[PDB]
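First the structure, then my questions, so here it is.
One chain of protein is taken out of this complex; the other chains stay put.
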Amino acid sequence: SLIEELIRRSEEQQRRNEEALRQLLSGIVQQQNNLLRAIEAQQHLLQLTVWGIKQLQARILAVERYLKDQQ
Amino acid sequence: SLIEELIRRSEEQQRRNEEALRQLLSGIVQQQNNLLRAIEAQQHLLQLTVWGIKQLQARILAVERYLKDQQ
Partner (left out) sequence: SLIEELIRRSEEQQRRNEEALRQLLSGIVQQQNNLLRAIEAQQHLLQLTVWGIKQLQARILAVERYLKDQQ
């Protein structure tokens, strides 16, 4: 969502730089901050999914042990 | 795969810009579009994994409830 917002802002600045290529240095630097923010927002979500996978591993392990124990 | 293809294209343009640093503004702008596409392709896959984690959570919850109910 914010990633989607940062991507659209980067898409906008990309069009401005390509049109300005056709002042440009500032937009190029700003575009690099746009991409860095996007990468950082994706890192946050990626970090959440890593933790979500670990919790699913713990849940399935508990079920596997429960079935083992019931035997 | 496409991410891998976008990364290699970015790796190629990176070498051209570093060699051209040693016309450059256009390549720098094109490289920024290469990275934006890569970020967007990774966002698509990241979005798929978020949905895949939610479906695994629903599957393990159904198993957990089944075992609870059988008792």
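Things to note:
Every chain is named by a letter (A and B) in the order it is written, and numbering of its residues begins at 1.
Operating definition for what follows: contacts are C-beta pairs under 8 Å (C-beta built on N, C-alpha and C of every residue); 3 or more make two chains touch, one makes a residue touch a chain.
Hidden from this view is one chain, which touches chain B at 3-4, 7, 10-11, 14, 17-18, 21, 24, 28, 31-32, 35, 38-39, 42, 45-46, 49, 52-53, 56, 59-60, 63, 66. Although one chain is not drawn, its touching partners on chain A can still be listed: residues 25-26, 28-29, 32-33, 35-36, 39-40, 42-43, 46, 49-50, 53, 56-57, 60, 63-64, 67.
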